[PDB]
Amino acid sequence: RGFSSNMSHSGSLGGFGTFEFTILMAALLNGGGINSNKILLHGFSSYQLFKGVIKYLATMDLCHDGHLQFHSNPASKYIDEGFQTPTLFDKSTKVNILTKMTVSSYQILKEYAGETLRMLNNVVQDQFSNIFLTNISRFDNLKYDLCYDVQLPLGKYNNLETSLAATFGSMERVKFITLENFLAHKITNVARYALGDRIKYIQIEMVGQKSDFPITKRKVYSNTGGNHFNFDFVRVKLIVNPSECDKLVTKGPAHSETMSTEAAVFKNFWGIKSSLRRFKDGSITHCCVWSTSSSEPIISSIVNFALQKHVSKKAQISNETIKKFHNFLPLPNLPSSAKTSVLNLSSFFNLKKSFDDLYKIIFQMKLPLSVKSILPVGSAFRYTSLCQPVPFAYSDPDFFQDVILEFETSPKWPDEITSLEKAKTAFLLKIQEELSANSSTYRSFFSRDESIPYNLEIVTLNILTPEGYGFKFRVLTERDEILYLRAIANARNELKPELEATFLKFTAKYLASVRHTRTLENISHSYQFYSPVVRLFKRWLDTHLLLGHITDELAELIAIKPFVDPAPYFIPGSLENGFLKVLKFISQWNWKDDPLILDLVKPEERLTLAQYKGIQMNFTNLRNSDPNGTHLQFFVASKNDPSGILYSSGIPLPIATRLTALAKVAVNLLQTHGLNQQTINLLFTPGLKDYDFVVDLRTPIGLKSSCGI
Amino acid sequence: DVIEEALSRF
Amino acid sequence: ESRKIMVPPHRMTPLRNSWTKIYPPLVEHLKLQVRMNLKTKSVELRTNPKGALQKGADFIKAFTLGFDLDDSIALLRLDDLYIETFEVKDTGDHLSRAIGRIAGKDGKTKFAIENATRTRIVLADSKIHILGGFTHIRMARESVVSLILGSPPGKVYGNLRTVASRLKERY
Amino acid sequence: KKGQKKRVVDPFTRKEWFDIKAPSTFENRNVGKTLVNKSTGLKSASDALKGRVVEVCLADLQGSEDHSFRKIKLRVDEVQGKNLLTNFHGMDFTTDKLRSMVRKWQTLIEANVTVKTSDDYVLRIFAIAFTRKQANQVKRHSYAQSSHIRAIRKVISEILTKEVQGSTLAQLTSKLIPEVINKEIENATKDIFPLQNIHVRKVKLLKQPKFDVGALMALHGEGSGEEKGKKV
Amino acid sequence: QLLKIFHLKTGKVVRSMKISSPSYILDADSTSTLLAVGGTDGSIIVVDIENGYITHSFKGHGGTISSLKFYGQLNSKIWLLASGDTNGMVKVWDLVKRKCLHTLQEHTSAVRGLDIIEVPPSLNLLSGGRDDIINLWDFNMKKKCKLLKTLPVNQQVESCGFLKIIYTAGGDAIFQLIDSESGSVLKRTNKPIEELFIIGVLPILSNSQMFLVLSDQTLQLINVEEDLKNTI
Amino acid sequence: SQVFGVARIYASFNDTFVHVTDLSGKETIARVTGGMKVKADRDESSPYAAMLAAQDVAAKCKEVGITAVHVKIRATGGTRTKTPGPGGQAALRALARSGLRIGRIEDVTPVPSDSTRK
Amino acid sequence: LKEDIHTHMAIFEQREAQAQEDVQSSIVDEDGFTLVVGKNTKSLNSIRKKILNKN
RNA sequence: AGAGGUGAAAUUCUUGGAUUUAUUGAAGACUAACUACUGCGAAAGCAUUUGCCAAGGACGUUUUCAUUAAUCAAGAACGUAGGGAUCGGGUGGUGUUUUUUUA
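Protein sequences appear in the order of chains U, S, R, L, B, F and D.
Numbering of the first sequence is given in this note's numbering, commencing with residue 1 and proceeding in unit increments.
Numbering of the second sequence is given in this note's numbering, commencing with residue 1001 and proceeding in unit increments.
Numbering of the third sequence is given in this note's numbering, commencing with residue 2001 and proceeding in unit increments.
Numbering of the fourth sequence is given in this note's numbering, commencing with residue 3001 and proceeding in unit increments.
Numbering of the fifth sequence is given in this note's numbering, commencing with residue 4001 and proceeding in unit increments.
Numbering of the sixth sequence is given in this note's numbering, commencing with residue 5001 and proceeding in unit increments.
Numbering of the seventh sequence is given in this note's numbering, commencing with residue 6001 and proceeding in unit increments.
Keep in mind the hints are simulated off the structure, nothing from the lab.
A hint or two may mislead.
[As the list claims (entries may be wrong)] Using 25 angstroms as the maximum straight-line C-alpha spacing, the simulated SDA-like pairs for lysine to any residue come out as follows:
(1) D:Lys6050 x U:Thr502
(2) L:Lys3202 x U:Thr502
(3) R:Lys2061 x B:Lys4059
(4) L:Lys3005 x B:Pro4192
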């Protein structure tokens, strides 16, 4: 976790360490409770000692309310207040052993206690390598969510007074060791007050720091890029509550007539920008407008002002990765779309409104056999499509979303499979006939579909909605499932697995696809960065040329895997942290001894021990029948598909090995060269490789104004 | 009524 | 703005009798472009391309309540009155002799009510419709509910004397 | 009477009007208005109302008198600038419809399944199906054999616990608005008995997952607070 | 039904009218002969008082109508009307052209206590409300703008400014005199220990003295002309 | 474009409650009974007393601004007479005729479903 | 495709009704053996395959 | 500012807000409408769903045994013919509801 016992007062993640761990274990030996109830006995070994330790650290605060007391010369209890710093009192010394690290470092360590406690107390699966044997401290943006680098060219210790706007006082040099110390404590307090309910946790870490200075020299005598203090530039690492990133108004206290001290310090901290406003509720409250841009998250703008207003007036901020991929996101032709966020879903809601008026006008009419239910299954209906869907945007091949519709269980149906799918075409003929009869402002046509093999006579009904959208309609019946099963049963015995593959494609296209889009569309409103991480993953995967084999639901499942199981990390509060968590995981991931079980559940209906063991057992016999992954490479199993072979089927071994190799090359580049603009451009290079074949294709028109990006 | 003859039997 | 007014088939034929003497006192004077939907038994009064809609509406509303044309022109003139309906509810014993105590004989007690408190009342077999001044409607309804609650006709005649003096003498 | 009665409280100048907005499963999402209190200190009347039920009629939600019955219940659980964006809380027939349906010389089948949906909403959803006199039937009764009762109740409980456990609350409300699972019950149990009008008559909630204001906003539509021209 | 009483010995009803909706607002002009009635519907009728007749209809308004104001001194020329609603809007009306001038949609609660004045035409108006905006607008003949709102802590019920220039704020058993182009209440009365509050300010002898009515049915005299020069 | 309360008329015997509450049913507006419009302890459930009780309820309801009513009539129900009394239809009819739109008439008498008598 | 699936349904229902009528008209064997048949079954191939699946 | 309760009264409670209204929670009792000249049980009695435990009736039967039956002391456990319907089972008919290779 990166917690060595050096110091976090000097601006580095650490301070807590191994003998502090010893001291709290032996302090919890003789009690721990408020009545000194024995937290730790040596009746249980290191595993339950460790579990009780993490339980006590996660359920017993030290910073702000309560901390441990003990005296070595002798019970140990839990006193009630907190000293606004990590604290535990040892009265036989009168010392505060946890005052080597700071408030945010203790805060993030209590979070790590809670998180590893959550993934340790469960009796479901085993994750010992997930909890120990992966050094999460290797990368910055992997254990953190986003990063800023403050470059402060202060010049000299005397040039301070016109190069930086911070304090310079006896009262700060008496409590802070040096320049990096007072700027560190000032910058963590102004980041805390600037964001507050805008981020999960802040960690400050001055890089270029070193505890190294030679024999001949009196000090660190080092030109640290515009100063001579032991740090080069300031890592400002943020992990964010992702539900309030792009909320464009933060709120101070309201307006009394007597302008009290909280509104006072709010107006001092925010200067000319923030003011008191009316709202639709009618409250008169202190706030400030944050002009949201697409490429820029407003978290960078608020930290830019909280840097360039208080600690310096000419220092500058380095964060270019977010804007570097945010134009790799495709920007749709929408009104003020540059000022729209990436966490805005107004395009998907616009087609959902168009779909709902279509839904009403297809329910309010008369068939010879009424509608049981229609259910959209589209990638836009699960927030995944690469165009953020603008009306009239034909050039995207998934412009036409697909909606399954099923009538009621009439036992009048034709028998053989071509006849029943032709009867479904007959129903679609009737529905578009009445559609053009009554509401001719919608238009329509028919298109053959061959995404299922060997059924030659299956068409879909495509409609063009005058709000400007296009929907496929595929009729499902209660009969096609048992028709495919009895076709399986009476087929010739050397022709079984191909018809089984046909039925698997049918199940993936019609049946399990509905609960698929239902579950992850329901969970995307709890994991808010899901649609941007899948959209950037899919554009990465098409630049590296895999979508012609892999399916989009499989790419969607590989991208939900770091969200519904993010342990040991956080859920990703930013797009970069999501994307490199994806690629780090799939570079880690094997196939031969590695399935992929995920439960698409809400945080804090799940997958229990029995279903887990059944999934692992059919995986086990599946790939002892399959020796090394000759034709079955991945295994993605959810609650909605305990088979796991539904989306992984069909992809060739060169494509799957190319994906895993590209992931390992990407994590190699990440740990070697670091993040940069040319790093991200090399991460989106085609990797064309000149493997035997290159064609260059250009249709006689350009199609981005027509696709709407 | 070609489409009605196609949608008989139901 | 427009207004529909439903009409029942027990004032329909006298409305056809007096149909020639309502819209010539209406359309040249209180314009209100008029149709009469016999298809659903309503009367349509829509606005003028060249607040009289309320006055025409309660004009024919007093007519379908069943008051005289003199009273309906007395509603066009004197724009301060009020129409009012209430049904008894307070089967034979509590219907027949109760409305008998209302009417007295030949409408003479109803006539005493009317001439005492300056209103105009009409009544079907069960309902009561009273129009005129507001305090007069209050007082007349009080006397009627007294004599259907049960009071001697001489005692409500004394109450009628007091209320007639009060509402035909000033202050 | 004998006490002292605190003469004047004038309790409408301090009272405030909100209005409620249904989710987009319906179409006439505006429903009505609601009094609360002055939104002031020590009470927080903006959040003192955020669990109230409302009981509308589905005819007044859908603009079609064909389902005049079936008064449903919405639940305010948030505030967004005087607009209470509500969500589903239940469903119930009027008493008029069930009393008009129940009549003798026929028998009725009850069913009710408690079931968690694909979300964490556990419901119990009810069902009434009456026994139909067959066309050409000359006898008086048309009762059920009382062992066809059990098979009917078994398959009606089975197919409505297949409609739930699957089909999340948006899909559940959108599938019990246009009376389609009644027709499902009819088309799957016209084998055993003819079964004149089948209905669901009641959906009760029992537990809810959490607030989830993202999904609660996605049920209605997008809109956020912004600035106002102060000029001071 | 409205009644006018000739205030002499013959206090007979000179004219009664029957109005559309029950009414809680009448405004008279600075002289006599001009009276404006506002119902619980948005219908603002203007009536002559010499011989009683409706003289201006003014039907096209939004909600139930809260307080409204005339304009015009003795032998003026404009003869305007304020007409502020409950939902927030104020539609200013003139009778000399039988017409509207502007429409204002800046409040949220019931617009109460509004008044117009000019200084050389300017014709700026104040318009308070049950919220805590005070809301002056520039209000030219053809164009439109808005000045500061000064944002009290109060519940403004029927407060009219435009003194010699200080502005009144009443309705929480508190009389504030907010200042021009600033927010500084300098005249703030002693709020009583009970909560019953001011319903009505009343100018006496052309804004010289002042009556405050109270919700326990009392009335107080203020002497704002002396207290403007005087110091609570 | 009207605005709706609900009526919640309780047509018990020996009394008659009418209080139009808000649409949720939580903030009640203008409760009157049938016992505070006449004072004799006998006629306090009369149709006339109930209808004039309804008249001044409609007065204060139009004062607040509610212009239309979903009406819910309630008998004494439960283990008792289960029929609406004399004043229910009277108060409903008076609220109808006194300038107040009425929609969705409904009977919310509490059916026992095998309560206790044994 | 209107007339195409019109002709397809018009031959399918013809051969279907022919098959079902041939099923439950009368089946005596070469000797006297009346074949047991369902109330609403449709094909000799259907009863053949279900008597195969009940092996 | 009244509300249970009354034939009125009386009495009861109510400004420490009752009755009524809305949202929940607990408790045990009970299975309304469906319910009939219908069902079951030796009788008294017996109506929510599901599961389990056994029992019983009638019907079906080219199954078996061969008078094993009948009636109460004593004692034992429980508190005249005919006709129209209708319930439970069976057989046959051949039209509609039904359906079709999952049972």
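So, going through the hints one by one against the coordinates:
At most 25 angstroms may separate the alpha-carbon atoms for a hinted pair to count; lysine 6050 of chain D and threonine 502 of chain U meet this at roughly 24 angstroms. Taken as a hint, the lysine 3202 of chain L and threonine 502 of chain U pair is broken in the structure, with Cα atoms around 42 angstroms apart against an allowance of 25 angstroms. A distance of roughly 23 angstroms separates the Cα atoms of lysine 2061 of chain R and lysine 4059 of chain B; the hinted pair therefore holds under the 25 angstroms criterion. Restraint check for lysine 3005 of chain L and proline 4192 of chain B: the C-alpha separation of about 20 angstroms stays at or below 25 angstroms, so the hint holds.
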